[PDB]
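> Chains C, G and H: place on chain D using the hints.
Protein chains: 4
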Amino acid sequence: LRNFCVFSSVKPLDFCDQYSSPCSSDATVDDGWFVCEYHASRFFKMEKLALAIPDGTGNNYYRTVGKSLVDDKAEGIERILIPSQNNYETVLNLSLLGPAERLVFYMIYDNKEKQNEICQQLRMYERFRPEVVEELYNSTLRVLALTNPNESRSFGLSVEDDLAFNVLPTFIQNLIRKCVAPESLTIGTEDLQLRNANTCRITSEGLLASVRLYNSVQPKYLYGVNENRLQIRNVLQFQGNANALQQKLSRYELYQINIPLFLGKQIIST
Amino acid sequence: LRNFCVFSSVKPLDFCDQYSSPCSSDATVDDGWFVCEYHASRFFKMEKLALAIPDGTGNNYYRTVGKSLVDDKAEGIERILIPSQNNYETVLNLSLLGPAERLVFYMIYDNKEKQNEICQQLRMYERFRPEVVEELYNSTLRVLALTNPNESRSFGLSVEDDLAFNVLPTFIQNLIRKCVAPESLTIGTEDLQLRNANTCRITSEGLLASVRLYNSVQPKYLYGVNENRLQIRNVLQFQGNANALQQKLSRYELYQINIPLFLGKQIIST
Amino acid sequence: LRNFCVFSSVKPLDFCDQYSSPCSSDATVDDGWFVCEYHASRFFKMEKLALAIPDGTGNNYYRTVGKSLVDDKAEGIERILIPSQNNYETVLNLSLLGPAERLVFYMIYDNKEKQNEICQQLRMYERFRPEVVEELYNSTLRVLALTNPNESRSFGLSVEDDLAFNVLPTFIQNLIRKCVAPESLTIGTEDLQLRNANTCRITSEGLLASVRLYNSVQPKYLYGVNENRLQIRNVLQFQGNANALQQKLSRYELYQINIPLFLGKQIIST
Amino acid sequence: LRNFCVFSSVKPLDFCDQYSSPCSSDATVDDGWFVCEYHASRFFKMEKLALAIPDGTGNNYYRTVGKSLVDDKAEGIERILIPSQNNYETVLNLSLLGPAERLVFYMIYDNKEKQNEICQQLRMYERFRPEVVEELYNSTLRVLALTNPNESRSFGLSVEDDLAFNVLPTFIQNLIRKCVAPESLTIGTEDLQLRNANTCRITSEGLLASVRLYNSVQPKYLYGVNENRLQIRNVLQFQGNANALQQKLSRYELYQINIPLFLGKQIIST
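Heads up: the sequence lines are chains D, C, G and H, in that order.
If you use the entry's author numbering, the first sequence corresponds to residues 13 to 161, 171 to 291, in order.
If you use the entry's author numbering, the second sequence corresponds to residues 13 to 161, 171 to 291, in order.
If you use the entry's author numbering, the third sequence corresponds to residues 13 to 161, 171 to 291, in order.
If you use the entry's author numbering, the fourth sequence corresponds to residues 13 to 161, 171 to 291, in order.
Some hints here could point you the wrong way.
Below, simulated SDA-like cross-link-like pairs (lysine to any residue); rule was C-alpha separation at most 25 Å, straight line [as the list claims (entries may be wrong)]:
1. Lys-85(D) - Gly-70(D)
2. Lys-286(C) - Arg-254(G)
3. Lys-269(G) - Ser-205(H)
4. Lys-269(C) - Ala-157(D)
5. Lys-269(C) - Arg-174(D)
6. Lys-241(D) - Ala-64(C)
7. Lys-199(D) - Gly-70(D)
No lab work stands behind these hints, which were simulated from the structure alone.
Isolated chain D (complex conformation):
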């Protein structure tokens, strides 16, 4: 598979002579997400980060991790990173989404009746192109087929988190496992405490950024705004003086205020 993004196969179902997939340049690597960074930020509000674990001889074990794009001002449904099968339609706005994306999301969350209904209502578009729904279905199914089942991953200090994670779909479970780093890894015979407190939670609503940590990250895809019209807000302002703002400290190494997803424990022994 040249492109591993599950949404890569989504194309306009009308008679389009040419189309370019909006997947990012990182969609060609098989990191286990099966979603490109652009689609992860657009739908699940996450970006991709690398986590290097050094053994002590030079080799580094790289593990992918999700960086939350949810701001501290966001509340309620805006804090849901990965919606669960209970309320994914409202979180992802499936009704407003196009039929291809809607069908892909239905297959991802394993809603057989909805997939069948969407297919039987998209039969007519087979007139424009004989592969509007067939090849998309085959590609999405073959991409999802790689997510089915030494690692021992627990996603919480209570059985509630584990049972909430268990009932999630297999693709959602794989995405959560790949995007959520452990609070305290257990590699070989030693424990590596990556962080002392959790950053994301797993409940019936799905994977959320429960803690109100400050996010100082500029999204690389969710950055455009309607510059033409006018908006009113009460922002915080500083003077703009180098001595007052201590701008002379900018030459020092910058500690990025990011929100990587850290939750639970992982055990890697082999």
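Chains C, G and H alone, transformed into the frame defined by chain D:
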């Protein structure tokens, strides 16, 4: 002051024709530490980091913060970042240190009898140079004089941490205030939760890295080792395969596993 | 009199070889204020404006008027333009002011006992210069002597405003008469309604900017700020787009949002 | 549209080889008036002014506003700034106006029968030019089409003003909204009191300058007079002496006695 490091004035007290201070290139900035990064790493086992707080209009308020160089394997006295006046002699190995560094540390921790004793025993070195102890004393005193007393900083959730921080010397208090970032800043009328859990603690022993977080930082000054002789240890090893170690994820943005000092709350209102 | 400002004679009472009066360039004209624009803005928070009344043949009758520098956010004592004799000490901060300015203000508000006390306590400064208090007293008295009594000016729709204006000192009365323009002038045999509503009020507290009109004027003397330190505020922000902000309308003639002092009626018949 | 004036398309309907539109140089900007300053002064007796609202960071929101050219001596119909659909024919003297201007005004006030009658009586002029009425109709209709429907504008303290404004034509409503500034704007979460009293009123007669404020503005287009013949009037006269007229105050900043249209409240929240 061209050099703001308190240890910058330390020179060999013998008849030395020339001497170059070991202070780093960052010793020329007035960040409030009054210790260069080299001396901070050598004595207090900390490096310097910058923390940018954006107001929302473009201007960034930069605050210095200490990055802990203490590894997770370190235990006991090895975890003491800033020794308190109770046990600074044993932590810093003052007896083994040279007379100039010993006198500077005595003045920093405000031990009048020890300063007087060291001065009266260093009178003889005035024969070699008439400024072995005079100009060093004046420079160190004038550097310390900048540390004496809108910000409201609390260094813990209990009164014990506050009372432990209060009894510390004024230079140590200033260094802790500059190097320890708040867990949850309170700027203007809004709270910015930098981190949800503390990373450093303040007790009678001083400022310690109590939590056993994994440190994956390579020191830029405490890196030399005795390559000539032989040492034996049981390190962890990986295979060294790109597919096994997921080296293809190295192109992604790296989440540095650092240990910045976060503790307590800060209030900035003006 | 080359300089008509009442505060022009104020000089440091110590042995000063040279001194330059801080009076503005407009202090040389006799507009009836007897206070320069700089001092009027510094003390009474007013600037000077000209009001041209055309008769109909080309000649223009120019009348001076006060422009209020009080912002809409100011409240209470900050809204007092000209303090009355009841509470001028607290409004003008006479205790903090220098002895020369304090004595000048005491003479302006006609407090005989305070003038005598300040003089008998400034006798000693006659040692440094034999004209520290003598020539200042003579100059201030001769400047005030021009303010003593066809125009018929009423400063309100009720007798309360008139009685409040009557009890004010003669210099304060002259300043109010010169700085406050009439709401509806009555010249010759015709009425000219300059404005339909009042802008300043006269009560026991003095002359105040009672109405919360928006002030969009940049003071030409009260503009300096402490740029070195840091301040926090929640300002309003716009996007900064020409189409959104309608910047293309900047080429049109600008209606300045000023707050000139308009109150009561004036009758000029001769 | 190079020219946004609704009267720009008005041309002599006879066989004219060349014609220059009398629109002012400001007719090329899209300020929402859709009438040039020359035509606004000629018909509606208004000039254009800019009103800058500063947010507090440097950006200025510019809003157009109408300056009344009605003198205080004007009475009755002479005080009608924008005639309503009830009596626009008598105010604008439609019968005396040319057929092109009459048809344009009929389309502006939405009088379908009159537009049809004027068109069927201007068919004959199609002999001279085949676009005497066609292109004029298309241009005027396309200009009017931009006036059809976060801002919340109230044009009075009583329901009578609102209902009088509602029944007005859409072009007249847009012109009134653009030309009449609010007495007290409400931007973001704060109120900016531009003026404490209204200056223009809206009744069944239309938009009038009800208050008899003195107008000291020299029109830039309604300035020509019949110099050849003789006229008699009893004007007011002054002496012409610098000391008597206080001409020395002319160097001060001049407070222009204008009559901008201020009425009602506006709410801008987004």
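> Quickly compare the C-alpha distance for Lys-286(C) and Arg-254(G) to 25 Å and report which way the hint goes.
Judged against 25 Å, a Cα distance of about 20 Å means the pair holds.
> Given the hinted pair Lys-269(C) and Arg-174(D), is their alpha-carbon gap at most 25 Å?
holds, 23 Å
> CA of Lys-85(D) to CA of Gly-70(D), is that 25 Å or under?
violated, 41 Å
> Given the hinted pair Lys-241(D) and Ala-64(C), is their Cα-Cα distance within 25 Å?
holds, 19 Å
> Is it true that the CA of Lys-269(G) sits at most 25 Å from the CA of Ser-205(H)?
holds, 24 Å
> Is it true that the CA of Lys-269(C) sits at most 25 Å from the CA of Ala-157(D)?
holds, 22 Å
> Holds or violated: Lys-199(D) and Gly-70(D), Cα atoms, limit 25 Å.
It holds: about 24 Å lies between the C-alpha atoms, which stays within 25 Å.
Hint compliance for this structure: hint 1 is the single one not met.
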